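Below you'll find only one chain, the form solved without adenosine-5'-diphosphate (ADP), shown as structure tokens.
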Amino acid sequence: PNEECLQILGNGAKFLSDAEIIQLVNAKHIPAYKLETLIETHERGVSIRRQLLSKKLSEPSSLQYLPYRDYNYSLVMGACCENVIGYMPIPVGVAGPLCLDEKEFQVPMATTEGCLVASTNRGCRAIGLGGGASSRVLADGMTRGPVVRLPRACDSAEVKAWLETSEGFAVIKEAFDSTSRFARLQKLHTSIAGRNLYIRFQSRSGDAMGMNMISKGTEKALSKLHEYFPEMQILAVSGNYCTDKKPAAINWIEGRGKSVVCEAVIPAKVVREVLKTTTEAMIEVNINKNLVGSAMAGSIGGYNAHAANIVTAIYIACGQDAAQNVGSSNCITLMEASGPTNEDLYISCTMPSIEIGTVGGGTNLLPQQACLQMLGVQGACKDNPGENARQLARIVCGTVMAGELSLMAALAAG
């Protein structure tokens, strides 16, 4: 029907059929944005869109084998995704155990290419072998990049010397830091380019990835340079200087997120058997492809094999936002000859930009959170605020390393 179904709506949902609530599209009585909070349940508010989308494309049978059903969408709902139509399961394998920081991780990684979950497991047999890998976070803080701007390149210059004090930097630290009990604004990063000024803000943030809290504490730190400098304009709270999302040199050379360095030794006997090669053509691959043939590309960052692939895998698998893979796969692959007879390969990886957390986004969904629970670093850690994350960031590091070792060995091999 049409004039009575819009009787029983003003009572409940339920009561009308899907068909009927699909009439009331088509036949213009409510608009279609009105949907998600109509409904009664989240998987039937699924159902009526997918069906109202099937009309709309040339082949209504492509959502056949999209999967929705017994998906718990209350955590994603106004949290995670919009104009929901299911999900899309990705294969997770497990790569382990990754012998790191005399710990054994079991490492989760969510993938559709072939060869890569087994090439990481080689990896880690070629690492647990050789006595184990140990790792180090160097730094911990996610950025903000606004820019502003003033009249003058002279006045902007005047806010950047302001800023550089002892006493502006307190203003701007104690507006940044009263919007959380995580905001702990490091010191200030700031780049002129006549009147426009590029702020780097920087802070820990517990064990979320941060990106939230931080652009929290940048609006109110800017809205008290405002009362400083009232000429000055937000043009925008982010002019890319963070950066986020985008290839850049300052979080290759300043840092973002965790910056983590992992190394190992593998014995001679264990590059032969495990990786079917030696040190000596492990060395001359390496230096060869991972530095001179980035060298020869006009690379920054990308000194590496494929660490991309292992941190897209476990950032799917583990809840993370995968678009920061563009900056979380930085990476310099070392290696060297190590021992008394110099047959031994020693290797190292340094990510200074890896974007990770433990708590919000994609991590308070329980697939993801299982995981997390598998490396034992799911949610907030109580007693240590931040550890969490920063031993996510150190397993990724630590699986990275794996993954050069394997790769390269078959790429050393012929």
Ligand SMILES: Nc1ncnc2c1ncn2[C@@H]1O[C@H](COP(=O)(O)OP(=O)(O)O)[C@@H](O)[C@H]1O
Given for the second form:
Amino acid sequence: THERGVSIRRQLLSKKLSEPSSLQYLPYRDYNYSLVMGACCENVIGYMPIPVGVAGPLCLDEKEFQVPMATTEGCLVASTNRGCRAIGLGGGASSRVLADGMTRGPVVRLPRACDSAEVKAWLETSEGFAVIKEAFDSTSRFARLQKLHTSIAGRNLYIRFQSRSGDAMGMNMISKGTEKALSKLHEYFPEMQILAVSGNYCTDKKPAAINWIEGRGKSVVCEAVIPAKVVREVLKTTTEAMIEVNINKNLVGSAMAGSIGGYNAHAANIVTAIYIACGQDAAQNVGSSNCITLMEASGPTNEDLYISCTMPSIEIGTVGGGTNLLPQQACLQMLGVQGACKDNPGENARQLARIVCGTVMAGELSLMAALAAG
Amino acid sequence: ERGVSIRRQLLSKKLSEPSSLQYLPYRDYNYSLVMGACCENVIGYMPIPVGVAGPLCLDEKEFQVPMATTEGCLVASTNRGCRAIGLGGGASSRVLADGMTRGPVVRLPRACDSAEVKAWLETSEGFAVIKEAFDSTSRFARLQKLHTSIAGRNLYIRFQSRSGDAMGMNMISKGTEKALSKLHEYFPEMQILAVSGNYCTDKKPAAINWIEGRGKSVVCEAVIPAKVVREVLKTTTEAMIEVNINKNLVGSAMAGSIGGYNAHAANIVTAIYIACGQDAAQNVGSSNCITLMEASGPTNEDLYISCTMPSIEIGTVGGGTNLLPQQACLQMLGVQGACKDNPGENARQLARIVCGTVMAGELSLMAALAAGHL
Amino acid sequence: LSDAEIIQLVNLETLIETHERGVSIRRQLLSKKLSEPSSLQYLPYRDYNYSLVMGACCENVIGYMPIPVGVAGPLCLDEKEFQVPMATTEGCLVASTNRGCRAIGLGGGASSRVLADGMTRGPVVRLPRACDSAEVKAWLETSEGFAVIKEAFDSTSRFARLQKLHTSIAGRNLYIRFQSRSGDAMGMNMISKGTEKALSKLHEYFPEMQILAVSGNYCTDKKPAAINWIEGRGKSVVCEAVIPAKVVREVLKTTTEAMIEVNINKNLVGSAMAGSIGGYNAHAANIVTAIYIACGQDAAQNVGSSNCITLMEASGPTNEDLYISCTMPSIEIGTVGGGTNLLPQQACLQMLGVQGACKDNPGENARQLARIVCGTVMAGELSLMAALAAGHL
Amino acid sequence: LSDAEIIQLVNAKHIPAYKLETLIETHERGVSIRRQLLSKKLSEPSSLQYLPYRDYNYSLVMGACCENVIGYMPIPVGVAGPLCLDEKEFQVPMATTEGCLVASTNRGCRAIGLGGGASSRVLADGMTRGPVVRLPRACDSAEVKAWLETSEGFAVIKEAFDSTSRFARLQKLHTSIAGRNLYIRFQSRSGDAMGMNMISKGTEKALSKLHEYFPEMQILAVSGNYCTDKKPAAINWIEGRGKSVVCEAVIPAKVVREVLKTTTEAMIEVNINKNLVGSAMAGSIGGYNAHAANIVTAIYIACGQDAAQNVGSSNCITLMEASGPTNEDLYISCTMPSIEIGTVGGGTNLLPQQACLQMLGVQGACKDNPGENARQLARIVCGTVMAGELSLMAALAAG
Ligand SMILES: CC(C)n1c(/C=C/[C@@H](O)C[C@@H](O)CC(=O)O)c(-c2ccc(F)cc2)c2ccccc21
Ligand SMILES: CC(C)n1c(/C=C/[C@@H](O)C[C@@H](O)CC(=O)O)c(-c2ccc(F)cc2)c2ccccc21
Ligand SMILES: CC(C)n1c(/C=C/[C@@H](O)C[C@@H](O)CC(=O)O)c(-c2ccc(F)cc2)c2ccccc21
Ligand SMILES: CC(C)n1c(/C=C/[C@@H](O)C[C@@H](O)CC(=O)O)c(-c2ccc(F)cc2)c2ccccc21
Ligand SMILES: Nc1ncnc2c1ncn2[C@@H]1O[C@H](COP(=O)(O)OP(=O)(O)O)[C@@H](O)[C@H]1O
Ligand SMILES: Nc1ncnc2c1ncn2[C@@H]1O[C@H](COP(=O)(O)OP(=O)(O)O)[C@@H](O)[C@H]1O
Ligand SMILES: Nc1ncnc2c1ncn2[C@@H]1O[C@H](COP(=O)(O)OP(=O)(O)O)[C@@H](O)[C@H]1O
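Can you give me the structure for the form solved in complex with adenosine-5'-diphosphate (ADP), which would complement the form solved without adenosine-5'-diphosphate (ADP) we have just seen?
Below is the entire complex, every chain and molecule, led by the chain shown above.
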């Protein structure tokens, strides 16, 4: 029994604590550890309950979504809910997925820079790419290599592998594919040393200009027009005040702070709340939060508010990892995107990415209105 | 709980799959603590598996670190890093700075006027007046410094202050409002555009946080004996150093990273933050870290490692730390709540634990990448 | 008419005969507006060929500014020896660079490779909605879409060959980065004309599209930008060399170990602490600037052309020798057009054997010059790093 | 006694070509001879034909500005103006080989002049040097950092630093740790000099003093790239380096129409989408402008500044807004936090460059208010950049 195994572990742990009675408030009973153990967590001593609230309906692409948000930050859900209301009263939001492809960026080294330059040229030919793709794609049915971006630093060569991965976030799958392609590359260049399967050129879980500029995972754009009456009555401000704050805070302020990818008010709050509720990798909030929020006067009198959010690097999935646990599957089902999209692999993950971008836009609208109105 | 059950009933009627909520738990949870403080429109809670890594031998003390995660092998890998550190005599850490920030943006009619306000804020009399207004909002709010930046007629003011054992965003924002109200008495022509002009910078990647710090700045170090590198980490000191330089330094530089000179600090920070009731969205800046390794000892075979994190945003009082399950994890570490005798000591100790655990995580993953053990 | 008579008619190159006199009159007129009338006394203007300058390189000309030119070399690069001209007013720069060349020469020379070649222009256009700009982005990503744009782009010149497109969306805005070869010219003018033509063609397919600016800062030209560092701009070059232990000791006055420790902690860790993007070197900008001024390049392009990462490591059977490499992804350079049309700067290009067009292999002179710049930067890095390591200031 | 004899003697493996001047009794002759020696090593011996070398005062250059001199490179100098700034009019010299740069800048000055002029302010002044030192352990480096942050520690360091020059005044110390490494950014005024030499000397003295209190400390490099000098860096953009300046102006609607050939609305739309959004898409730190580097570079070459410093000196954010009764006037401002400039020392010691500094009325030291000539020049650069931004933006907006 897994539940008793966790029980004993807590007893064994209890003796090493200065306050052994602390564990009494950490839950562990009535939980399915079958799905957890050997797949999601080790040395398990219980679980941490995170409150889940709902924001919506989010009117996006002619559909209505009830968005689950796991958070301990007061007013986050209520504020986001107000943004959804403004969007709904304005006829809804529209979104588009611009790119899709998870990456892995290993670093290999050759004896000389002249050699790494030779390897770079070969990878850039249609023939070089084709053989590397064949080796990469042979690891899984969903791993389809789309492109390579190679960069050198002397005798070092950084290779950014970008690939589709069905409805999965893709890290494991893309990593397995990269290992096989690097092995194949080694057969063509025996003098090549594989330094690390990840040379930080992906880039995974670290802020990086490469993710902002080339994208990682899903690149999405969302937009909406909020009528002047709605800006006044629901957001309690004016279109002019919203625009002035957007330019001076999200553009100029972020520029003064030396930000790369942080041209928004609080995309990270929304991304994180949705990620925790839906079994995503919350640590990926680092790059997934990249966003530029733009606002413009619209309509016959420049009284309406046009808003758009562009997020080039949303790392998300509806199969694998934490999405295999039942409570998180319930949240994915709420959105209608749980598991693989059998009819068209990747569609569930793309829909979830659009929902994230649309919810972020609702969050931006609400916070900006509050800052503008005081 | 009855209101929650009813909200769930109403919500289920708007879903494409009315049974979605079946596996989303909600019973046997105390919502009196959540309602009106941590979350709104509550429909239940999301259980995140909690594992333990340790003991972490830090500053002559041993810690059992709780980590909430759904990523397989993260806890086990971190645990291996702790083992290597423990076998090497432990780690040492130091808090270099402490101060949460808020960076509002105000505007004057002309750039010549904003320059005038700036010179004023830089005199001892100007700062004393602002500090008096700022510090009157709370017993624990003490303004340490001001950093101002001009962009034409706009002026960005970065207020930095201690906040006891609280993360401090609320306290600092209140003090900022009072200080600005006071500044407006001296400059009636000044317009307060937004209490946050993204110059803080909160929840967005920013060079200012990396360079000037935000929250707690911490450094930690350890020396791993050659025999431990071989037997516990399964690699050599030379392989570790080569990977650190080419991945964490050169690779991050090729990717255009600001503050991402590490392997996976974000994973550790996020896991600890969720378990301990911190703001997980703050993982964006809190994850900033530079990992350095070098050879030491009699024969240059031992491994010296250090991790420097200039912007850990953390607290042991307020927000999610008011909930019982998260207090249990803080108690496990011996840092729950306020430190009555020396305000801020519990928060500082938690920051040191985070930096030491990150270092354990870096050691383990780097060894795996170096040895080619995936 | 006398000078005093021409002045009263004013209260020039087309009016007066010779150019030197036009400049002389302009100087006399300007003098009146000066609080110190004799300011221009030491600003030379005589014996200079203004015919190549007027209506091409500068306007409202009042003379010329002499910049001292020194020579560093021989630079042993790719089995050839170069005598590098450097225009500078900074003491010890030429001597220091010369020392670096010596170390490289004593070590058997340096090797270099051009990894990429393509100047860029990044305009910004707008559509009524983001859903529309997304459609345009998708259209440009098709083989047929790119085919038509390339056709329009390429028709503007024999040397204009569009290699690729990189598009980025920001709401209803679309930034398009055009990249193309340009023979031996730096290519900004050629690429800008091709861009204009390609955008007109694009407008035929999407009439609702507004061309906001031919340059939307997505190029990026003369501003520090991560896009140039990551995707390159102009010529991307890498050079390397191995300096024998004996040479490090006797010529550079230090040790391989001290050099490596300084490189890692200054060029890597220090630049990381400073929040630098592309500045992982000691002083590439000094060399780039000195060569650019001497060879008629656009000195303002030093901003991105200076991007460089310098790496050092122990080498040889005993790990005693010094391996060094410099990688510069965005060298914006040319041997035809602009300042390279002036005689004194052509003299410096001729010294290097790269002046003008390479009729046999277009672009070869510009590529060779880029390799020389990267090799000279490496010589400069070696020398300054050795000085910092040994403490010889 | 003859060039041919001297050359034969040199070729007899006795003297390197660089120490020619220390043997001949005339600088110009050493140059002439070095050219002849260089000629025989070129694939094309006549290449030096059009590179001038005669009628130039090499006494100021040798041993101070350049070595192995073979001549000089003439850069055309044009004038843009008058630039109406702070109730004064300036005639700005610009050395460039880029067509239309001077004419375009001149058009921007005209628009500014017709609008009543520009206003500017110097917000900060202080050159920096950022050495890197190492302690045995990170716990030791943390200790040095805490010590430097005390009033006593700073006082001791300031005393050693300031003793190098009367113009040197250590304003602050920004330290950052990376494990056992400690980066210390020294910032100080330097009179009218750009200050790199003075600040480096003071840094060396301060580090020697610090080493007396921490003998375990190793000085790795007087410059650890934390200055940061001649490399793009967020620290310069955020904390400033040299002079931080802001300038502004209001261009009347009629002037935007008639002189700039566009509208206020078109200019604002281009500024936001190019200088703000475009630069953000490109991942720029400090490059929120159209072409500040062109103006900075042209002025720097003409005035004897260090042109390689264009890297950080060109940092600039250009902002435009609708202003006036009907929101048709154009308000513009340029903010440059890191202008590295000086009116004494280096290239400013040469006569032709002093002529350009005199044209602006800022040549040499300001006798009655040290640093005032350098500050005035920084304001001129920022105002000229603003004129350049106005003109190019109008051209891009109008098509
Ligand atoms: C409940 C929440 C949406 N939320 C936050 C605060 C949100 C923070 O987490 C992120 C924010 O710091 C990002 C930024 O704007 O830089 C604020 C708020 C923000 C800035 C401020 F100065 C004072 C209060 C706020 C105000 C009204 C309603 C909800 C609010
Ligand atoms: C369980 C975990 C510690 N964890 C991760 C992978 C961890 C990732 O989340 C972060 C990582 O992506 C950061 C980076 O290094 O860029 C890997 C791993 C990492 C990179 C790779 F190519 C293959 C496997 C790994 C290997 C062995 C044991 C644990 C591991
Ligand atoms: C003649 C020159 C090559 N050059 C420079 C100084 C070079 C500077 O322009 C760039 C440098 O500042 C870049 C950097 O290192 O960050 C120095 C020098 C550098 C730092 C120092 F503290 C003192 C002197 C130097 C020393 C010996 C020989 C030539 C030198
Ligand atoms: C003479 C000059 C003022 N100058 C330049 C070109 C200026 C370039 O050096 C810098 C520019 O590239 C910076 C940028 O905006 O990214 C252009 C120009 C600029 C961009 C373009 F697509 C076409 C022409 C231009 C147009 C009219 C008048 C002068 C101009
Ligand atoms: N529609 C789908 N999209 C992606 N993966 C799918 C799908 N259906 C099934 N799978 C399988 O589930 C796995 C995805 O989870 P996992 O292996 O943990 O990798 P990842 O880290 O990408 O989530 C793959 O082994 C794949 O074969
Ligand atoms: N005035 C100078 N002009 C050009 N190069 C110089 C000059 N002084 C020194 N050098 C360069 O520096 C190298 C070092 O010479 P020097 O400083 O005399 O030291 P050492 O002779 O002890 O090696 C020389 O080989 C030369 O390349
Ligand atoms: N205003 C100034 N700013 C910077 N350096 C200055 C200034 N005035 C003088 N100097 C420096 O001091 C040197 C000598 O001038 P100064 O100190 O005034 O003494 P003196 O009495 O010999 O003129 C000059 O060569 C220059 O380097």
